[PDB]
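As structure tokens, one chain now follows by itself in the form solved without this ligand.
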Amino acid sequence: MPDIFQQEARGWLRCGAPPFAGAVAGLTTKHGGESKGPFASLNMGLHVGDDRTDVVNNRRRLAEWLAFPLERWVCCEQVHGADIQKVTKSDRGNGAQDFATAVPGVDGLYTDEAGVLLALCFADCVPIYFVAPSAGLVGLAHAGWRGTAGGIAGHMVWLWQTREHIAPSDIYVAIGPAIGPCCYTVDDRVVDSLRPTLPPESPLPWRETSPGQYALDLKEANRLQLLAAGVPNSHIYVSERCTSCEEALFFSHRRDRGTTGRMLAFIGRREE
């Protein structure tokens, strides 16, 4: 059946899961920008060595398609850890045009205010979108193998539960386009770091393909952690799109051999 992320009029995929209908949520594709060479053309990342003018114009292009001004975006450092920070209108603009002013040392953000667009960069790692429609909360986390080993997904649920007094049953999640087991192979150190994060009897999100080599499914790993954290199975939507496989739409750190652009994952609510 249809992927939860479907292409819109311009260069971006909207999250089609029902629980997200009340927000502006999606992932950009690589087309429609000003960037050149390995970054062609809609590179949204300011920290990958691309021309800054080109990247800021690409972000202005998206702000235009979304009718959500760049001055209202909030970005974070993305250090491949599991920390998350709550943001408000007072953080608007952080890391929007200058990477150095991004929220430091975290890999996830959440807000319960409208008019704030959470914006994170990806090119293979897992983008995890969160929403509590009733309470008006939205969240976004960046999960590579290190952040997943650190439990970033469950940490978001924990924070919403303990600090925002939201029940896991009131949370919905969408796991967007990322590299699949079809293209992502890792060794024992990687999978060993994930083991402790899953329930004792849980099915493993990997498959040994050769002695010491594993086809890893990070999307599934995060899905299992979210289930354990209390998020209902039917509230979790998962994209089947692989960033490495779908070269016509995405930049891929692995497929492009380390030098490439970044798509922007975003989520926010329009301020009347």
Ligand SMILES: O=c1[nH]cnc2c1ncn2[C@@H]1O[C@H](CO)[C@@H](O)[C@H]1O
The other form holds:
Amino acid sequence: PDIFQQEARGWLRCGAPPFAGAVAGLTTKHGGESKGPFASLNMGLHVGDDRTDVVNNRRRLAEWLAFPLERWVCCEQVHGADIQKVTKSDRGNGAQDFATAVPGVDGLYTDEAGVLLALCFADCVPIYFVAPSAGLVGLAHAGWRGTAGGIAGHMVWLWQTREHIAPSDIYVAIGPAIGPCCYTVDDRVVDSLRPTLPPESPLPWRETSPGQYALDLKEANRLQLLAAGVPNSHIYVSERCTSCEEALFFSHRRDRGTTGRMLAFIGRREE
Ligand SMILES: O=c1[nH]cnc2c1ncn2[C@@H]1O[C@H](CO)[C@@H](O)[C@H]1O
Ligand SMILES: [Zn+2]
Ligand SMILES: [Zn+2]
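Form solved without this ligand done; form deposited with this ligand bound now:
Below: every chain and molecule of the assembly, starting with the one above.
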């Protein structure tokens, strides 16, 4: 059964055992207020949707999770590989106004409870991190550019060097994202990814016609995490494809570039 399991409303809970101490999941497209190409639980404030609808969609998730919107932290998501540590002093950044999101980064982490990391997705890989013993959670957004930039291994490096967490204490869930079934790229993309994998490494793409590659970004990120020291048995990978599962997900590719965003989220409750 998939590690992301449908809840009673428009979200999937991350059911990997190491995440049992966290509020962790990914929304589906249903149960919201948005219309047209954004129908209906569009969580993205920077896709041209009605802001009132989007904020109400976020308030709806906050109700489902019992995790108030005032406690979320969002980031700009510039398709780079930069990551920011956040704390309760960052709560609300980007939660209702995109202009206040943490700028210039594509991943966040925190070692505090009461802080919901919240990133938007519609094909790119959501990478959830937890070190349960140490109370760390993290979340990163990895499309091809962020993967080429090594964002997944950068999170691990920051936890090791700044938070003094061995990679062996880290657990990862790679969430729903576009699969190689639906994601075809060119030599430019694969060439940018080759340097990030070990020399002996199996390549997470297949050339389906000359110069065209079916690319598995989930596996690319898994291979990077393994190389950074995260144990194989600590890495859980969803098989769900955002493009394929049209009844659950917005997809930038399938929806031809005008669509909503799901929210990936992780945080720990404050008692
Ligand atoms: O509210 C938002 N927060 C973060 N990114 C957003 C938002 N709305 C639209 N995008 C866009 O969605 C992609 C992430 O997969 C990024 O390209 C970002 O610019
Ligand atoms: Zn993206
Ligand atoms: Zn697919």
